[PDB]
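Chemist: Residues per chain, in single letters:
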Amino acid sequence: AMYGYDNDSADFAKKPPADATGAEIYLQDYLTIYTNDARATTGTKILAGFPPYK
Amino acid sequence: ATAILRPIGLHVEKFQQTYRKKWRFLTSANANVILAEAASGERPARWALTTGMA
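Read top to bottom, the protein sequences are chains A and A'. A prime marks a further copy of an entry chain.
Note that PDB author numbering has the first sequence beginning at 326, numbered continuously upward.
Note that PDB author numbering has the second sequence beginning at 165, numbered continuously upward.
Keep in mind the hints are simulated off the structure, nothing from the lab.
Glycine is no exception: its CB is placed at the ideal position from the N, C-alpha and C atoms.
Treat the hints with caution; some may be incorrect.
To be verified - Selected chain A positions facing chain A' (in silico; Cβ < 7 Å): (1) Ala-335; (2) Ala-338; (3) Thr-346; (4) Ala-348.
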């Protein structure tokens with residue numbers, strides 16, 4: 326998306342390089358917080374919920 | 165000594181003119197996209213990147 330395809334690519338027109346145009350790009354990778362799923366855990370369970378990430 | 169003739173030179177008339185206009189233009193905010201322009205005669209096949217800069 327930033328720099329575009331090679332001039333001989335069949336898909337050249339699909340991504341006009343933002344380094345040339347200065348156009349906006351959508352980001353798709355987002356911070357995700359995990360915690361254990363104890364629904365099927367046998368024995369001693371850790372039931373601490375989530376960390377207070379806020 | 166009194167001069168009855170002096171080198172006044174040619175008679176040349178100079179004319180200055182000024183032209184003014186006021187225009188109001190509307191432009192469209194075009195997307196920056198890539199268009200293919202096929203080869204034609206001496207014109208090679210090329211990619212074109214559009215703008216809204218009128």
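Chemist: State the violated hints by number, sorted upward, taking the hints as numbered earlier in the document.
Modeler: 1
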